[PDB]
Amino acid sequence: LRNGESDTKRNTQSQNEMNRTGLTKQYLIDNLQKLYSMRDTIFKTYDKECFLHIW
Amino acid sequence: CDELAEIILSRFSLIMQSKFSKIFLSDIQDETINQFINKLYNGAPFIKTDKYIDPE
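Residue numbers (the entry's author numbering), protein chains in the order written: chain J, 223 to 277; chain G, 169 to 224.
A couple of the hints might just be wrong.
To give an idea of the chain G side of the interface with chain J (calculated C-beta under 10 Å), a few residues [claimed, not checked]:
1) 194
2) 198
3) 218
4) 220
Below, a list of computed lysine to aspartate or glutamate pairs in the EDC-like style, where the Cα atoms sit at most 16 Å apart [stated by the list, open to error]:
5) G/187 with G/198
6) J/266 with G/174
7) J/270 with G/195
8) J/270 with G/222
9) G/219 with G/195
10) J/270 with G/198
11) J/266 with G/195
12) J/266 with G/218
13) J/270 with G/218
14) G/219 with J/239
15) J/270 with G/199
Read the hints as simulated data drawn from the structure, not as lab findings. Where a beta carbon is used, it is the ideal one built from N, C-alpha and C, also for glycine.
This is chain J alone, in the form it adopts within the complex:
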């Protein structure tokens, strides 16, 4: 006559960490055309509201 017993306890603790970084650079020719008046329109509002418009 043979009797057996058996126990077991497991305990697993895990940790993850994932860091992602991306930089998608897109070259459109349209964005180059819109560059033109970007700086100039700064001094079109200066001209209209601070300086004399008659010769």
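The hints should help you fit chain G onto chain J, whose structure is shown.
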């Protein structure tokens, strides 16, 4: 005379209402307007300004 009084009330109100003026729109202290009016009121066949006064 009641019918005549009402017409005169309308005729006189039209005389006092009918007054014409020229109105310049610009910034509240843009000294160009004063110069522009001074030229325009006197003789001024040709007046030179910039695009921002927009006479039309």
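So, going through the hints one by one against the coordinates:
With a least beta-carbon distance of about 8 Å to chain J, the hint placing residue 194 of chain G at the interface is held under the 10 Å criterion. Residue-level restraint check for residue 198 of chain G holds (minimum Cβ-Cβ distance to chain J is 7 Å; threshold 10 Å). Residue-level restraint check for residue 218 of chain G holds (minimum Cβ-Cβ distance to chain J is 4 Å; threshold 10 Å). Among the interface hints, the one on residue 220 of chain G holds; its C-beta lies about 4 Å from the nearest C-beta in chain J, closer than the 10 Å criterion.
Distance hint between residue 187 of chain G and residue 198 of chain G is unfulfilled; the C-alpha atoms sit about 26 Å from each other, more than 16 Å. As the CA atoms of residue 266 of chain J and residue 174 of chain G are separated by approximately 56 Å, the hinted pair breaks the 16 Å bound. Proximity of residue 270 of chain J to residue 195 of chain G is assessed by CA-CA distance (about 9 Å); at most 16 Å being required, the pair is judged to hold. For the hint pairing residue 270 of chain J with residue 222 of chain G, the CA-to-CA distance comes to about 11 Å; that is within 16 Å, so the pair holds.
Using a Cα cut-off of 16 Å, the hinted pair residue 219 of chain G and residue 195 of chain G holds, with the two alpha carbons roughly 15 Å apart. Distance check on the hinted pair: residue 270 of chain J and residue 198 of chain G sit about 9 Å apart at the alpha-carbon level, within 16 Å; holds. Among the hinted pairs, residue 266 of chain J with residue 195 of chain G is consistent with the structure: their alpha-carbon atoms are about 15 Å apart, no more than 16 Å. Among the hinted pairs, residue 266 of chain J with residue 218 of chain G is consistent with the structure: their alpha-carbon atoms are about 12 Å apart, no more than 16 Å.
Between the alpha carbons of residue 270 of chain J and residue 218 of chain G the distance comes to roughly 9 Å, so the proposed pair stays at or under 16 Å and holds. For the hint pairing residue 219 of chain G with residue 239 of chain J, the CA-to-CA distance comes to about 61 Å; that exceeds 16 Å, so the pair is violated. Of the supplied pair hints, the one linking residue 270 of chain J and residue 199 of chain G holds, its CA atoms being roughly 12 Å apart against a limit of 16 Å.
Hints 5, 6, 14, counting from the list given before, are not met by this structure.
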